[PDB]
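J.: Letter by letter, the chains look like this.
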Amino acid sequence: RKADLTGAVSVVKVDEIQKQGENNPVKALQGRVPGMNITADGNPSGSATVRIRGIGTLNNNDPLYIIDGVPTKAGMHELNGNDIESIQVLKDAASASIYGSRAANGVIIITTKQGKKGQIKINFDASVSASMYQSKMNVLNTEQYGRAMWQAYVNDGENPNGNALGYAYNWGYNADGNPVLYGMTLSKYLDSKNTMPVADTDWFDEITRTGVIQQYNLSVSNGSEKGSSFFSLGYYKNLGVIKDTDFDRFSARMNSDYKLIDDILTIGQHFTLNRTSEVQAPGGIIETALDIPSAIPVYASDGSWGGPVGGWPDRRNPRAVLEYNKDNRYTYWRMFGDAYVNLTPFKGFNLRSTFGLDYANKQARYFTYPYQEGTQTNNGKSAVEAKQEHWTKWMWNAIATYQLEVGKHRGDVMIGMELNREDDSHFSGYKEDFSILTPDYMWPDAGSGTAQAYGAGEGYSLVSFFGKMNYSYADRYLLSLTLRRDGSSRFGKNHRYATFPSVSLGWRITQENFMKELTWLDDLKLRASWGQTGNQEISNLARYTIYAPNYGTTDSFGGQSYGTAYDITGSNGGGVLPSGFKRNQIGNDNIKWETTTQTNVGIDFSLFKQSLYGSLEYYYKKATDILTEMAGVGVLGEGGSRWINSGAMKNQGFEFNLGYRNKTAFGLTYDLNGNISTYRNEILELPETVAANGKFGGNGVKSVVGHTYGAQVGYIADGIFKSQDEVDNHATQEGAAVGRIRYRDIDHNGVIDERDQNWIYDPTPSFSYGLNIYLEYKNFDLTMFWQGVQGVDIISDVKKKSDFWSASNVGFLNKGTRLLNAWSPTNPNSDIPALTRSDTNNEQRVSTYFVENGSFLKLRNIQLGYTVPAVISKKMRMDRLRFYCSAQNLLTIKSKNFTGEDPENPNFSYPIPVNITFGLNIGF
Amino acid sequence: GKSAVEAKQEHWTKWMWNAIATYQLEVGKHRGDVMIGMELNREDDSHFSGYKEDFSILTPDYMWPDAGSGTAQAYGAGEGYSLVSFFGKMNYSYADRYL
Amino acid sequence: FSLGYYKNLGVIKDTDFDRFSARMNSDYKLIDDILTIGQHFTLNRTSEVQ
Amino acid sequence: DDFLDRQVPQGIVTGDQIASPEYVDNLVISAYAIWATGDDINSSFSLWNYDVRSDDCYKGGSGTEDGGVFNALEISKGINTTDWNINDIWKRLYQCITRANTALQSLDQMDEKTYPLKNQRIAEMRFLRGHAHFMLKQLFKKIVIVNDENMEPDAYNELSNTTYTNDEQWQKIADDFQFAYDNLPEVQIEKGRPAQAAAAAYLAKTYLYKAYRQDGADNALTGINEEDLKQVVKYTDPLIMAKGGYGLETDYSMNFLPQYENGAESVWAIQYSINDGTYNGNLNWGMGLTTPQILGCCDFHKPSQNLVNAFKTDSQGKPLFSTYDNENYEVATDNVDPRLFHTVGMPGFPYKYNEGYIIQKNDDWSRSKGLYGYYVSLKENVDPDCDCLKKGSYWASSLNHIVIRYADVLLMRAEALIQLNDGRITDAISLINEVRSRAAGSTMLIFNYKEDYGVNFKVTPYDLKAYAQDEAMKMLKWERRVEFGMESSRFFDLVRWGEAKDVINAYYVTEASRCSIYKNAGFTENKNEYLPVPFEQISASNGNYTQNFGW
Ligand SMILES: OC[C@H]1O[C@@](CO)(OC[C@H]2O[C@@](CO)(OC[C@H]3O[C@@](CO)(OC[C@H]4O[C@@](CO[C@]5(CO)O[C@H](CO)[C@@H](O)[C@@H]5O)(OC[C@H]5O[C@@](CO)(OC[C@H]6O[C@](O)(CO)[C@@H](O)[C@@H]6O)[C@@H](O)[C@@H]5O)[C@@H](O)[C@@H]4O)[C@@H](O)[C@@H]3O)[C@@H](O)[C@@H]2O)[C@@H](O)[C@@H]1O
Ligand SMILES: OC[C@H]1O[C@@](CO)(OC[C@H]2O[C@@](CO)(OC[C@H]3O[C@@](CO)(OC[C@H]4O[C@](O)(CO)[C@@H](O)[C@@H]4O)[C@@H](O)[C@@H]3O)[C@@H](O)[C@@H]2O)[C@@H](O)[C@@H]1O
Ligand SMILES: [Mg+2]
Ligand SMILES: [Mg+2]
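Residue numbers (the deposited numbering), protein chains in the order written: chain D, 93 to 1016; chain P, 472 to 570; chain B, 323 to 372; chain F, 2 to 552.
If you're looking for bench data, these hints aren't it; they were derived computationally from the structure.
Cβ coordinates follow ideal geometry from the N, Cα and C atoms, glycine included.
Don't take every hint at face value.
With a straight-line Cα cutoff of 30 Å, these simulated DSSO-like cross-link-like pairs (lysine-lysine) come out [claimed, not checked]:
{"#": "1", "chain 1": "F", "residue 1": "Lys392", "chain 2": "D", "residue 2": "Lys473"}
{"#": "2", "chain 1": "D", "residue 1": "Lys560", "chain 2": "D", "residue 2": "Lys105"}
{"#": "3", "chain 1": "D", "residue 1": "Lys794", "chain 2": "F", "residue 2": "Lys520"}
{"#": "4", "chain 1": "P", "residue 1": "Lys479", "chain 2": "D", "residue 2": "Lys418"}
{"#": "5", "chain 1": "F", "residue 1": "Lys520", "chain 2": "D", "residue 2": "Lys814"}
{"#": "6", "chain 1": "D", "residue 1": "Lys285", "chain 2": "F", "residue 2": "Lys370"}
{"#": "7", "chain 1": "P", "residue 1": "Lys485", "chain 2": "D", "residue 2": "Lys418"}
{"#": "8", "chain 1": "F", "residue 1": "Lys391", "chain 2": "F", "residue 2": "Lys192"}
{"#": "9", "chain 1": "B", "residue 1": "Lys335", "chain 2": "P", "residue 2": "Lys479"}
{"#": "10", "chain 1": "D", "residue 1": "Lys892", "chain 2": "F", "residue 2": "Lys78"}
{"#": "11", "chain 1": "P", "residue 1": "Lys473", "chain 2": "F", "residue 2": "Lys520"}
{"#": "12", "chain 1": "F", "residue 1": "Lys392", "chain 2": "D", "residue 2": "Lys285"}
{"#": "13", "chain 1": "D", "residue 1": "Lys966", "chain 2": "D", "residue 2": "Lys755"}
{"#": "14", "chain 1": "D", "residue 1": "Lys966", "chain 2": "D", "residue 2": "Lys208"}
{"#": "15", "chain 1": "F", "residue 1": "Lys391", "chain 2": "D", "residue 2": "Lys794"}
{"#": "16", "chain 1": "D", "residue 1": "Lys742", "chain 2": "D", "residue 2": "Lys165"}
{"#": "17", "chain 1": "P", "residue 1": "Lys479", "chain 2": "B", "residue 2": "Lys329"}
{"#": "18", "chain 1": "F", "residue 1": "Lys362", "chain 2": "D", "residue 2": "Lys814"}
{"#": "19", "chain 1": "D", "residue 1": "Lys892", "chain 2": "F", "residue 2": "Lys520"}
{"#": "20", "chain 1": "D", "residue 1": "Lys479", "chain 2": "P", "residue 2": "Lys479"}
{"#": "21", "chain 1": "D", "residue 1": "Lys205", "chain 2": "B", "residue 2": "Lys351"}
{"#": "22", "chain 1": "D", "residue 1": "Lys787", "chain 2": "F", "residue 2": "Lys78"}
{"#": "23", "chain 1": "F", "residue 1": "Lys392", "chain 2": "D", "residue 2": "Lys479"}
{"#": "24", "chain 1": "D", "residue 1": "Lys454", "chain 2": "P", "residue 2": "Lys485"}
{"#": "25", "chain 1": "P", "residue 1": "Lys485", "chain 2": "D", "residue 2": "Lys329"}
{"#": "26", "chain 1": "D", "residue 1": "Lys892", "chain 2": "F", "residue 2": "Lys370"}
{"#": "27", "chain 1": "B", "residue 1": "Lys335", "chain 2": "P", "residue 2": "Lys485"}
{"#": "28", "chain 1": "F", "residue 1": "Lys370", "chain 2": "D", "residue 2": "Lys280"}
{"#": "29", "chain 1": "D", "residue 1": "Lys454", "chain 2": "P", "residue 2": "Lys479"}
{"#": "30", "chain 1": "F", "residue 1": "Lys362", "chain 2": "D", "residue 2": "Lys285"}
Derived DEER-like restraints, expressed as beta-carbon distance ranges [stated by the list, open to error]:
{"#": "31", "chain 1": "F", "residue 1": "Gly349", "chain 2": "D", "residue 2": "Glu250", "range": "19 to 29 Å"}
{"#": "32", "chain 1": "B", "residue 1": "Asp354", "chain 2": "P", "residue 2": "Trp486", "range": "50 to 60 Å"}
{"#": "33", "chain 1": "B", "residue 1": "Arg345", "chain 2": "D", "residue 2": "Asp681", "range": "40 to 50 Å"}
{"#": "34", "chain 1": "D", "residue 1": "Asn682", "chain 2": "F", "residue 2": "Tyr116", "range": "29 to 39 Å"}
{"#": "35", "chain 1": "D", "residue 1": "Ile964", "chain 2": "B", "residue 2": "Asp354", "range": "16 to 26 Å"}
{"#": "36", "chain 1": "D", "residue 1": "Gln816", "chain 2": "F", "residue 2": "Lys451", "range": "54 to 64 Å"}
All chains should be modelled from the sequences, with the hints used to inform the complete structure.
T.: This is how it looks when you write it as structure tokens:
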């Protein structure tokens, strides 16, 4: 039963959601909803990014979740997802407008479990899983690194023995004169102090482990003709594949409802309290592991952490970084409550008053230990940073609803007044100069150095007056009209309030009397909708010209702190310097709501007595007056960025969902749920400065207007040179040589320059599809979910560090294994450019070489279960006893054009492991 | 002319786990209750504060540690304790007269 | 299920104390008399100027 | 309905309150802080990153890829208008300009009687704005002259770099310096604030740069203006400098030592401080990359062998005008100017006058494994045991960056007198002799080298007699080269003199043997003497910004 019945609403089967055994319920439905993309890195937490109906605005695109009627935007990884009874995604503006003023990016409606009338249920779910690291990037070992360095040296024509890295090469020339390597030897110690012995270290294996996931849920549900209740407890723990990274969560939910008199005075509440403790991986840990050469030992001769010495590249020890980061644990208390009262003066009138609260409290204590890894050190700096953050949101809602059933005319009239009110704050203390260097001793009182205090606060409010009218004739013609008047504190008084209408029409064709002979066609419905929604998800301080006293106490990398503190006297400090103010942004009093107009046309069908069901949707979204933060013109200086309504986005999309469930003669019940979706995104208008800086695409070379959001312009790589004749015949370019990348001459001017660039990257897949298969046979249930993406291109940064030598900022870094298969006179059958120590050709430029085909098809979740026969369970007094074994991310298929691995995560983000899970469910 | 802000945060977290085994008997006029119990109590407290000076507008809206321009101080401490208990209780009643 | 609001302005000026409170208690009996699972929770928010 | 109106900005000041009279002084301090906190490692206000194009130094780091854009600038090949460093330095300099403009706008709306120091503060702010404009003009020939503090932001889109010609832009830059000279006090109790002497010296420098006319579409010298040279001579008079108590230091090294900050020769410097309530202190983060490998990382700003050979002198104490670069300098058999050991740290010698650190030709002092040599710049570096050096993810010190030195004033006066050729060459010769005499006596920390490393010092002043204009100009060029090495002014001087192309080509040819990075280097006659206008800025302001000639 859809909550709108006349809009683009997707109902997710919650039973299949819990099968995947994911902490985040949103991550579970990664590819089960058409036109809704979920991207998850693979960290122990269930944090993921959601994009509904593509990219719809130049602002925050997270959809508005609704739990028990209370809206929010925080991720669901911090809430217990095992007590959800229904999930509905409202991807249509007309249908989702009535649920809030933040519905521009879509609304996901989540309903929690409630006690079923007249019965009691208890469910205990246990789950133990092992997560294994699968996407192991192949990097050069010691011998391979030496061979690659020798190849680069001989290709450049330099002496390979001058590497000054302890490698001594015995080599010569063949009959054709091409250099050949006979053998290599290494010095025992990398430094003259004999403190860093040479070793063959697998850094990826050193920093990875086999994670353990535990999940225990216990829920009890109570129903009656007269009231109901529900109490759930949950514990989740996930150890990541990366060492010293973990995430655990305790959860307790209590829901209840009471009916007084006979039917009047229905008072209900839903509350949940969660406590999540997490240690996250340091930024660029995978990059650090990939960059550091395998010759560096984990431990030095004296037992301290190993590190680069002499001429080895400056990279920290990833194991040491993980060890020092294991104490950066943060605790997060989440609190989602709601209490509502419903009054019924007579049969058709309802008055609902609702109060919802969301309180979040985050406490963290970060430590900075002194480290000395060879030549890598922080000058013995030890510090503590105690940070506290508070978020407090509350919403009050009043709803008046009237229903009439006059003849064949059904009429629902609803009005509503809503207030939303959010306040955020944070403050932190910073201390230095510690002695014991242990988390027990590192407290700000125990410090003996410079101290810093940081602190800020913000907030906003929203007011909404909405109305909804639904008319039904003969249960065949449906009309819906909703109107919203929304105001926010982020806008000035003149442009505070805005009006948004939406209309929906629906015709149940099967109800018409002219096709009663079509017995096979069980149900057919055609619906259309045209709606407008408002977007105001911008910075709270958007219309003010901000001047802030930035003294410079905040840590900055590179010294570009832009602080306001100058030693005007010239005494080299020694006290409190005079300070001032700096401009952060220029105010704009003409900012108003961004208007997103959505037109949707859908056809729902069901054939063969509800056996073959499905839906087909086509949508057109047009966002105008987009509140974008334009940067300064360049001579406007600091604080030149300002918010302006100068945007325009278009999204044209198709979605198709199908489902076929049927039994078999010998007792097999098969259910197939297929889904496919495609969309095209375009930017029609954009501010000149925004298009110039290329923050939304174009790389600052060409304007992204008229092209897909995020599209990138680069050169075109027409293979590599294989002879001097090819270099001479090709158009002249700097650094052209044998074995170097050849770049196409777009304008045919005879010279390769910055004007020889074109659109090369389009981050829009041709189509994304999913398929769920459920088989039941003799108490055996098998679930198999496949997700595929076709026609998507990806920019690969790992390729830049695997197909080239000395293509990074610093040289002598560790590279990929496939680098060994580079072009050479001895090995002409290769497309990888020849190794070189100098990037004369400038191959780090954006080009089609780094663009790879990201199409993939992976088995997201497979599960085989066994249900104990009812007689044995009744003997053991359990109403339902089930066991199951599942595999998540077990298998994947990728295109041959993708040189790397894991097309879903082709970069240095958190890896996605393979989960092998065993679980049991008891229904006492 | 001293102006300053002091942002203080304190956390207290206590949890107790209890296990009780109770048996009751009603043999004739003899009533007997035997109870055993194992209890764990576990308390952790912490606090930290930041101190800033040299403010200009001198209003609560403007007084935040980031808006200060003077000497800053950081204070912080933590503590905790645990308790373990094994207890037993026996109640005997004769004729509902002798306890 | 109980909700409560209290506010007290002291006789001394600029001193006050307010408190919001929400309590939810429940108990459930399974089978016939075995497996009695219960809970009592209360959440309070007190804002005070002393 | 007060539901949406209770809430106000937290911890910030709105734009309508920044004009209050009690904040203006704060804003003034802001205009100075941007000169010490607004520079990154890759974009410093000393402009050493863009001085690698000259013959004084290479680019440090692990290799060419470490700052590929800067390597392309150094070799003058493969330079694209869509480079991040050019746009970054443009944006940072204009950020300084607009901070100064905001302070000026705040100052201009205040009563003179209530605020007696209004004129002095306005003069200081004009001086800072003119300094930023001058550095932009040096980097880019065509710049936008933002000299209107009372300009609305919406009008900033209507500005253009072709509104004024080159001469008009130079005059607009010099107007601020003229106002500052007319309004600044003779002596400043606070060393951070510029004095009248600094304004006069910088105005003379601006007029000297204006003298070498760059009329026409191309960047070729089209003549020397006599009026500009007369103005230079007028504004460089020794009476003005002596009125402010400025003069050459007794020892050269005191210009680059923490113990002698804000000295007599320090006409105006950026005040860098440590232990001042900041997270790491207002250190010179722009020079953080320049620290040697012994200090830990990045080994940038390595002086070239050409400069070391230039420091070599003959038996008569004069620089080798034609045979200096034929052979590498030898410590045992070649007389050397003492200024070399205060500028370049050669292997086998103490590092920053510290006997405990000896520079060696190994990986402990070179990051590129000999690709960029083993020489270490010393002017911006400090002793490792200074206690003025702090590790803030980049080794930076509190040593002041001296923008204007009295030796610079003397050399500009000598150059103006030589170019005038109005029977006053002997005064320029006397100034050069004074500079050389100051250099000769600068052996208070390197005196023992003669008895420790066999170093022969031989510097003598030129004889006072009649000199031809070309010979005197050559001697002035040599004195400038040997006096302001590592100080990031060689390329600008070459561009101003109009001989940048020939000198750069000769340097490339000579150093291609000892440095492979110059294998394919090449300098264009009318394209590589000025940084191109960033492509992002031109795209942002369509039909208003014109690219420099040759692009
Ligand atoms: O802005 C648009 C466009 O510009 C890009 C294009 O590259 O960068 C420019 C942008 O980046 C900055 C950062 O402030 O400059 C980077 C730029 O500077 C160069 C030289 O030109 O390198 C400078 C040196 O910095 C080092 C120093 O590394 C360490 C780490 O702290 O410092 C200490 C010494 O005190 C040493 O012990 C350490 O090695 O590296 C910093 C540089 O390294 C980067 C770049 O890949 O990543 C390396 C990180 O990987 C880790 O493993 C994970 O943390 C770490 O070990 C390491 O930090 C990046 O994080 C840092 O910027 C040293 O290696 C260099 O010699 C160039 O190499 C570099 O390109 C800005 O100045 C400038 O605006 C992009 O940002 C963007 O597309
Ligand atoms: O991130 C910018 C923006 O986020 C806000 C608004 O909630 O708060 C986020 C703060 O969390 C910070 C570090 O403290 O990073 C986020 C990490 O903290 C976690 C903890 O669960 O997330 C907190 C917060 O972000 C979501 O996860 C986003 O959906 C929400 O579910 C949750 O409420 C964790 O998920 C992240 O790793 C940092 O970004 C912010 O301080 C604002 O404070 C801030 O403006
Ligand atoms: Mg071309
Ligand atoms: Mg100083």
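J.: Given the proposed pairing of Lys520/F with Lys814/D, does the C-alpha separation stay at or below 30 Å?
T.: Holds. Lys520/F to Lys814/D sits at ~22 Å (cutoff 30 Å).
J.: Would the pair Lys966/D and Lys755/D pass a check requiring their Cα atoms to be no farther apart than 30 Å?
T.: holds, 27 Å
J.: If you draw a straight line from the CA of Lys742/D to the CA of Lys165/D, is it 30 Å or shorter?
T.: With Cα atoms ~24 Å apart, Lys742/D and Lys165/D stay inside 30 Å; holds.
J.: Assuming the hint says 16 to 26 Å, is it satisfied by the Cβ distance from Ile964/D to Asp354/B or not?
T.: The hint (16 to 26 Å, Cβ to Cβ) holds, given that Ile964/D and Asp354/B are roughly 21 Å apart.
J.: Below or equal to 30 Å on CA atoms is what counts here, so check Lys285/D against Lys370/F.
T.: holds, 19 Å
J.: Under the criterion that the straight-line Cα-Cα distance not exceed 30 Å, is the pair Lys335/B, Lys479/P satisfied?
T.: holds, 24 Å
J.: Does the structure keep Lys392/F and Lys479/D at a Cα separation of 30 Å or less?
T.: The hint holds at about 24 Å.
J.: Does the Cβ-Cβ separation between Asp354/B and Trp486/P fall within 50 to 60 Å?
T.: With Cβ atoms ~32 Å apart, the hint is violated.
J.: Given the proposed pairing of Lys479/D with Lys479/P, does the C-alpha separation stay at or below 30 Å?
T.: Holds, because 11 Å separates the two Cα atoms, which is no more than 30 Å.
J.: Is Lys485/P close enough to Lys329/D, meaning Cα to Cα at most 30 Å?
T.: Holds: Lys485/P and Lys329/D sit about 21 Å apart, inside 30 Å.
J.: Would you mind confirming whether the straight-line C-alpha gap from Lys892/D to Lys78/F stays at or under 30 Å?
T.: holds, 23 Å
J.: Between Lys479/P and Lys329/B, is the straight-line Cα distance small enough, at 30 Å or below?
T.: This hinted pair holds, its Cα atoms lying about 24 Å apart.
Hint compliance for this structure: hints 3, 11, 15, 18, 27 and 32 are not met, and every other hint is.
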